[PDB]
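In case you want the letters, here they are:
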Amino acid sequence: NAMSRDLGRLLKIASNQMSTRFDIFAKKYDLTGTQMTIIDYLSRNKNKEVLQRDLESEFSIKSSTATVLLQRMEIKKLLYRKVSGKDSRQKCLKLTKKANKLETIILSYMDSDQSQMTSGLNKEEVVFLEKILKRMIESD
Amino acid sequence: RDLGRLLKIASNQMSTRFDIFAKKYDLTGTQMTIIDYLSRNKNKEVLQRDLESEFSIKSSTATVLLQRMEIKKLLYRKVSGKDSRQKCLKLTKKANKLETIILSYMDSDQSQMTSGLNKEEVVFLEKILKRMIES
Ligand SMILES: [Cl-]
Ligand SMILES: [Cl-]
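Which chain is which? The protein sequence lines are B and A, in order.
Under the authors' numbering, the letters of the first sequence match residues -1 to 138, in that order.
Under the authors' numbering, the letters of the second sequence match residues 3 to 137, in that order.
Treat the hints as calculated values from the structure; they're not laboratory data.
All C-beta atoms, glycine included, are put in the ideal place defined by N, C-alpha and C.
Fair warning: there could be bad hints in the mix.
What the hints assert, rightly or not - Only pairs whose alpha carbons sit at most 25 angstroms apart, straight line, appear in this in silico DMTMM-like list of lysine to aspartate or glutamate:
1. A:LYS129 / B:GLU128
2. B:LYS132 / A:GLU122
3. B:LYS92 / B:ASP52
4. A:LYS121 / B:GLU123
5. A:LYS75 / A:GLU56
6. B:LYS26 / A:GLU136
7. B:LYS44 / A:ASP4
8. A:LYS25 / B:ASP138
9. B:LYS60 / B:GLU136
10. A:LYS46 / A:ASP85
Said to hold, decoys possible - Some chain B residues flagged as far from chain A (calculated, every beta-carbon gap over 12 angstroms):
11. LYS26
12. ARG70
13. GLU72
14. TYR78
15. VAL81
16. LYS84
17. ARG87
18. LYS89
19. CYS90
20. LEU100
Claimed, not checked - Here are a few chain A residues that face chain B, going by a calculated C-beta distance under 8 angstroms:
21. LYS10
22. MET108
23. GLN112
24. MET134
Please put together the full structure from these sequences, using the hints given.
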């Protein structure tokens, strides 16, 4: 065939493999893979105020989707909403002490996993792919 | 790390676009991808295990997907020549009517995704993704 389907077919396989691994590792601490990625995000960004809109931008998810995800983690006592000084009106996201204990394990994993996943790759391959994915995501 | 995040977004954007297109023809995006594959591979017999290897999906996942396609009258199954113990997957006349529009859609989606890239950059990307899958 003139066209190869490999780029799309393999992007879906790679992404689904990664999200499978994440769920496996996360279910061991009573967490979905996605929730686990949220905890990872907030821990690296404790210095400043993460609003829900900042999370939406970073994970490229809709308000409705972020709304419902954050609701559950609060119910699970993993985060809470706290009044922010940046946006005098909007609530910023904070980790509970329960989520604080998982941080070291999670951040270790989220440097084990992507390290794992990219381990066969050279640095400039990772750089190349990151640049093209960024563009692909913008212009959707 | 930014990589993992971006990989998930780009894959989910693509599944989203595929579903929007496919729903116009009473298909899911994944079902549409199977039609596309079988349409491009009529030169060979495609067993379930072949489709499992090509999409890297579990046997149970494949069973369910193909069963639902057969209920939708999109595929049927006949005894294969390469392995008499297995049946190969074939497109129905119903699915044949969708082949040209699915192939164009998929050709076109890939070209929108790789807009501005040279051929060699697209090949390099495919290879990088294959290598990741094997880590
Ligand atoms: Cl193909
Ligand atoms: Cl056929």
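Checking the smallest CB distance to chain A, is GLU72 of chain B really beyond 12 angstroms? holds, 22 angstroms
A cut-off of 12 angstroms on Cβ-Cβ distance, and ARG87 of chain B was said to be off the interface with chain A. Does that hold? holds, 28 angstroms
Checking one constraint from the list: CA of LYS121 of chain A to CA of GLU123 of chain B, max 25 angstroms. Satisfied? Status holds; Cα separation ~16 angstroms.
Tell me if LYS10 of chain A is really an interface residue toward chain B, meaning its C-beta lies closer than 8 angstroms to one of theirs. Holds: closest Cβ of chain B sits about 5 angstroms from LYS10 of chain A, inside 8 angstroms.
Hint check: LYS132 of chain B vs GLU122 of chain A, CA-CA at most 25 angstroms. Holds or violated? Within the cut-off at roughly 19 angstroms; holds.
Return the status of the interface hint for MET108 of chain A: holds when the least beta-carbon distance to chain B is below 8 angstroms, violated otherwise. Since chain B brings a Cβ to about 7 angstroms from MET108 of chain A, closer than 8 angstroms, the hint holds.
Quick one, is the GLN112 of chain A hint okay against chain B at 8 angstroms, beta carbons? Holds: closest Cβ of chain B sits about 6 angstroms from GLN112 of chain A, inside 8 angstroms.
Hinted pair, alpha-carbon criterion (25 angstroms max): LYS60 of chain B, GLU136 of chain B. Please report holds or violated. Holds: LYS60 of chain B and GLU136 of chain B sit about 15 angstroms apart, inside 25 angstroms.
Status of the stated non-contact between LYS89 of chain B and chain A (beta carbon gap over 12 angstroms): holds, 23 angstroms
Is it true that the CA of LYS26 of chain B sits at most 25 angstroms from the CA of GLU136 of chain A? holds, 24 angstroms
Can the restraint linking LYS129 of chain A and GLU128 of chain B be considered satisfied, given a maximum Cα separation of 25 angstroms? Holds: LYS129 of chain A and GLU128 of chain B sit about 14 angstroms apart, inside 25 angstroms.
Given the hint that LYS92 of chain B pairs with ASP52 of chain B, does the C-alpha gap stay at or below 25 angstroms? It holds: about 13 angstroms lies between the C-alpha atoms, which stays within 25 angstroms.
When held up to the earlier numbered hints, the structure conflicts with none and fits them all.
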